[PDB]
Amino acid sequence: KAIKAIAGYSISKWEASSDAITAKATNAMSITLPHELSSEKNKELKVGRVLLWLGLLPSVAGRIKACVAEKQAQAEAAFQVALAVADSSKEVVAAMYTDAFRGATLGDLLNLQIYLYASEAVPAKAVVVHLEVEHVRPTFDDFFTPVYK
Amino acid sequence: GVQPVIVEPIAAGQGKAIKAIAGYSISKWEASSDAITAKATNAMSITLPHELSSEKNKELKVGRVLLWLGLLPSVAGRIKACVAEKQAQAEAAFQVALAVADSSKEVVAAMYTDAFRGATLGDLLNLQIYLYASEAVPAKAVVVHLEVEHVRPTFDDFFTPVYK
Amino acid sequence: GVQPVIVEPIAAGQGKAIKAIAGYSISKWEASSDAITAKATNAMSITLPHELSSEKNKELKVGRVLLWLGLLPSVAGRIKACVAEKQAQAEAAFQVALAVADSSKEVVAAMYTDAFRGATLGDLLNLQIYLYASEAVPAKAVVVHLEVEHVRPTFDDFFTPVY
Amino acid sequence: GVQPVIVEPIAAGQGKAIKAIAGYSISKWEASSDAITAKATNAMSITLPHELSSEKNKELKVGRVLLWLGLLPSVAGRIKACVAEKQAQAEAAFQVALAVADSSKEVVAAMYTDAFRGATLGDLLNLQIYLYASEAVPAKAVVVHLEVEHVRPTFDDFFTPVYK
Amino acid sequence: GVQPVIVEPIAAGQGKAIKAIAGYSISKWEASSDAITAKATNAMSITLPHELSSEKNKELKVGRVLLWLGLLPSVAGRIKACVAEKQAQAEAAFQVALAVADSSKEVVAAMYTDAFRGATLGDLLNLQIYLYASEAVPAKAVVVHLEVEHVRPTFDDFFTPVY
Amino acid sequence: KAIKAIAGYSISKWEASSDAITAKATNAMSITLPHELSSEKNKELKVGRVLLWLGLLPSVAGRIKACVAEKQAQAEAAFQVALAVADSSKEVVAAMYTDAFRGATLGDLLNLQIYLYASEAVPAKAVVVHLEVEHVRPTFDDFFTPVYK
Numbered sequence: 041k042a043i044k045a046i047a048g049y050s051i052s053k054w055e056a057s058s059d060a061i062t063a064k065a066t067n068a069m070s071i072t073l074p075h076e077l078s079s080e081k082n083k084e085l086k087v088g089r090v091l092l093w094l095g096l097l098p099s100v101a102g103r104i105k106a107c108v109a110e111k112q113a114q115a116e117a118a119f120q121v122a123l124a125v126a127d128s129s130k131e132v133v134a135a136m137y138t139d140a141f142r143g144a145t146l147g148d149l150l151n152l153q154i155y156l157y158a159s160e161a162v163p164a165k166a167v168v169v170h171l172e173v174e175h176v177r178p179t180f181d182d183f184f185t186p187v188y189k
Numbered sequence: 026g027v028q029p030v031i032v033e034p035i036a037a038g039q040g041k042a043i044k045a046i047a048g049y050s051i052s053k054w055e056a057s058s059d060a061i062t063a064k065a066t067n068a069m070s071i072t073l074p075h076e077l078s079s080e081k082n083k084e085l086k087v088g089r090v091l092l093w094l095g096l097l098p099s100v101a102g103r104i105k106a107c108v109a110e111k112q113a114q115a116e117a118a119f120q121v122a123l124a125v126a127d128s129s130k131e132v133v134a135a136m137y138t139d140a141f142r143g144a145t146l147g148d149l150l151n152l153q154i155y156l157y158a159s160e161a162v163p164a165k166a167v168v169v170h171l172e173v174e175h176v177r178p179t180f181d182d183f184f185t186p187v188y189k
Numbered sequence: 026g027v028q029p030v031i032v033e034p035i036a037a038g039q040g041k042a043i044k045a046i047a048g049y050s051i052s053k054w055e056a057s058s059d060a061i062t063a064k065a066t067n068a069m070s071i072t073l074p075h076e077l078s079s080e081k082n083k084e085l086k087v088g089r090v091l092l093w094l095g096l097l098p099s100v101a102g103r104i105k106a107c108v109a110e111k112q113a114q115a116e117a118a119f120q121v122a123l124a125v126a127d128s129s130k131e132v133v134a135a136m137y138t139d140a141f142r143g144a145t146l147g148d149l150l151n152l153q154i155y156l157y158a159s160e161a162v163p164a165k166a167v168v169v170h171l172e173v174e175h176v177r178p179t180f181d182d183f184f185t186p187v188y
Numbered sequence: 026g027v028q029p030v031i032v033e034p035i036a037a038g039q040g041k042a043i044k045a046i047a048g049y050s051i052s053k054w055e056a057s058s059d060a061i062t063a064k065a066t067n068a069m070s071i072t073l074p075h076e077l078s079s080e081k082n083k084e085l086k087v088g089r090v091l092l093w094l095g096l097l098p099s100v101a102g103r104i105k106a107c108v109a110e111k112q113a114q115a116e117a118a119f120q121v122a123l124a125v126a127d128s129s130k131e132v133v134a135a136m137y138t139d140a141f142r143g144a145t146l147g148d149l150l151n152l153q154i155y156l157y158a159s160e161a162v163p164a165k166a167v168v169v170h171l172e173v174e175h176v177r178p179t180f181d182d183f184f185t186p187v188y189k
Numbered sequence: 026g027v028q029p030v031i032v033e034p035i036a037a038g039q040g041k042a043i044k045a046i047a048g049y050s051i052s053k054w055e056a057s058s059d060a061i062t063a064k065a066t067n068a069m070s071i072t073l074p075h076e077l078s079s080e081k082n083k084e085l086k087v088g089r090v091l092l093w094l095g096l097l098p099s100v101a102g103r104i105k106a107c108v109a110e111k112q113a114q115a116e117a118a119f120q121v122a123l124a125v126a127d128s129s130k131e132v133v134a135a136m137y138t139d140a141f142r143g144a145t146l147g148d149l150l151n152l153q154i155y156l157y158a159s160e161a162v163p164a165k166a167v168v169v170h171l172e173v174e175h176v177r178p179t180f181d182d183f184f185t186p187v188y
Numbered sequence: 041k042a043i044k045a046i047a048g049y050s051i052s053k054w055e056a057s058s059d060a061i062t063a064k065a066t067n068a069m070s071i072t073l074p075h076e077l078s079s080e081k082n083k084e085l086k087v088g089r090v091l092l093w094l095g096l097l098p099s100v101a102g103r104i105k106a107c108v109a110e111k112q113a114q115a116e117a118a119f120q121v122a123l124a125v126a127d128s129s130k131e132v133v134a135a136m137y138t139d140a141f142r143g144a145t146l147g148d149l150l151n152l153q154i155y156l157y158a159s160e161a162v163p164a165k166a167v168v169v170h171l172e173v174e175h176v177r178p179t180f181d182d183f184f185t186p187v188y189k
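Residue numbers (the entry's author numbering), protein chains in the order written: chain A, 41 to 189; chain C, 26 to 189; chain Q, 26 to 188; chain R, 26 to 189; chain B, 26 to 188; chain D, 41 to 189.
Bear in mind the hints are in silico, worked out from the structure with no lab data behind them.
There may be inaccurate statements among the hints.
[What the hints assert, rightly or not] Under the rule of at most 27 angstroms between Cα atoms (straight-line distance), these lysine-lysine pairs were calculated in the DSSO-like manner: (1) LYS189/R with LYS41/Q; (2) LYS44/C with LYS111/R; (3) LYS189/A with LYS81/C; (4) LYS83/B with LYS41/D; (5) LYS111/C with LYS189/C; (6) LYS86/B with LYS81/A; (7) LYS86/Q with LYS189/R.
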């Protein structure tokens, strides 16, 4: 089976491709909401659980780590405080945050960042980061936009 | 069975007024404009009053929003306006707006019944006002009026305690 | 389902007349205009009729105010009128008015349901009438009619004592 | 029979707040001061807010009035203040005042429970504020806060009718 | 008629402790001061403790805020403190504060019952603490204690998963 | 999901950074309570379960082990008697002590030590040790300090 969202909650999924990475280097990528949730009305919706997993090219060599944390002056120091890390050298390359954000809002996610690490040279678009975020269902999504505008 | 009716003419300012829902109050303020070039657009920021600019008061939920613009009796041209999110392109806000106030209609106003419902008063600072003109217009020639329904502030019926 | 409906055309002078609220009466007077420059505006102070200008009656409350203007039939163009507070700019009063009377529409009128509901007849001397015209207009071409409802005066059905 | 009691100490700003009577609301605003000479007095006019300066709103009855003054933490001297009618002599207003706020007390405030009851908001413009200083003080060194209980304005829960 | 009454003297530490309202908890932390020029004022930003600095907890509502300061016993003079919004003038915050803590009185404290009732813990980062002294005071001589009551956090009695 | 504390119990979390480590060397670090639990009144509170996990820098090479045990004359000999070890060469880098301390007090934890091991040179602050301790909730934590002091 799989994990089902609680009553009154929906799950939104999107992805973001990566840039080039150097050796023993760590990039910081900001989080961008999908356009359908970018309004001020929808930035007030609560957040439940958040799941991170990534997909590498089959020819990518070396160990790739990733996590989501708050903004840090030193990019590498994020991994010491993150509550879960997606490491490509174990059975499950995923990072589940079941309680790290439960109660924040979608507008709060713009204050977070995604940190990627690589021990070997990585070209552009080699890694794809998948983000899945559970949140309160939008209040009006079963109505047409009124015609008289 | 048919039914005959008579339609009664209505004078200006004679219709019914909208009433706020329980637990809410309506605050009003207006802002001036500056010069607009022919076939151009302007972006105008939204600034709160002083009495609603404390951390306590910027946590009040928003209801409905009304935007109506008053202009000089001698301005020639077509004026349009809307309220939307901040955009790189000022003219591109009209392509996605849910209500546009156009001066060449019978009612020059726009009602946003659901676009900003559930936001907070402090979130309103992230919205802008876009203003278009068909022909060149000078400054102060058009005034925009903004009316926001929001939760009634909790403590406005109490004197300040005397022991400071 | 669908209901058929017949709309009956009406002539001028057909239509309801608004009735004053209980305990109130309506007083009417008019003001004549002077020459107006094209694309300019005029301001003129409200003058109470001689029968309401005493201290006894300037303390009565105000309900609704109605404005309507009657033009010379030869006059053509566009005339606009409004009632507001005294303004530094004559034409700026149209940006803050809650109603404007226009001659290019079918009903040339302006109704103020709550703009002054609760003031006194003496407060009307603090207001002004603003008149705009797109073309030049000679004097005595626009007559401004005002209708005000107010609390019914209490001691007026008496003769003046002469003993 | 005797009765023993314990008196509990109270911290600053810990007492009860006064609540307005039915049908009334409280509006607040503050005004700055200018330089005061040693052993001298100043007369400060009273100006209404903008939202309460229409003919409709200057007909609202007044209830209670509270005057409390906040001053810099570094001002040396004694400061007194009162609200009274306009007078030829500024120092002579303290001889007839019903409540004087003196900075050398535990509670620095004055309550006027009956002096101005039954007047109107437009009548308040006829009153002044008198301010005394024992030693020389600079400008902006003392701010006066004024709180007026008055009848709740009738139409603040309604949207403006759209047909202008 | 007249009732006799005996007043019982109390020692320091005797007196009631205010209980937090249902559904709320109280978190306490302290801040140390630095050198203060005589007849001058200092401003210092509120820093949340590390256990409330996450996005999850900065969305909790605020009830009451209590301030009290503890001095070195050798320190003499007058110290004043208040919590307000950020001000262009450091000392102007005392003219708009709803309470001030003074060391020349018996209780050196300041209670804010409604000044911030309804804000968020993240809004406290928009406020500042202002400290004034009549004489010169060296660093680490005033310790500012803050006590804040807020909505009780919901998901904190769990271990961090490690699967 | 995650593991919830029993009735009448709360969980306190803190961390301590590491010093430099030599090759095939083992350091001993004493445990320090948070300041809010350091009083004699709060040192009498009972202890439930204790969890240890650590966060390395992504560029740290070599195998890092860690455990908490009693004071030992020989530092390395702790790993032979510890009931759980956090090894950075397996799926879960964590050490759970579900019954090793259940019944002791917080004052007893000052008699324990944390032992770290490294097979390669490690600079200062490279490892961060996270400690999570379940204990009886303090008896007075919903009251203000009385004003008249």
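Going down the list of hints, with the structure as the test:
Between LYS189/R and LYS41/Q the CA atoms are separated by roughly 21 angstroms; this keeps the pair inside 27 angstroms, and the hint holds. Only pairs whose Cα atoms come within 27 angstroms are accepted, and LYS44/C paired with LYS111/R is rejected, the gap being roughly 43 angstroms. Restraint check: the Cα-Cα separation between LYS189/A and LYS81/C comes to about 35 angstroms, which exceeds 27 angstroms; the hinted pair is violated. At roughly 23 angstroms between alpha-carbon atoms, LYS83/B and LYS41/D fall within 27 angstroms of each other, so this suggested pair holds.
For the given pair, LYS111/C sits about 43 angstroms from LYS189/C by alpha-carbon distance, which is inconsistent with the 27 angstroms threshold. Straight-line distance between C-alpha atoms of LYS86/B and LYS81/A comes to about 20 angstroms, which keeps the hinted pair within the 27 angstroms bound. About 25 angstroms separates the Cα atoms of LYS86/Q and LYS189/R, which keeps this hinted pair within 27 angstroms; it holds.
Violated hints for the displayed structure, listed by number in ascending order: 2, 3, 5.
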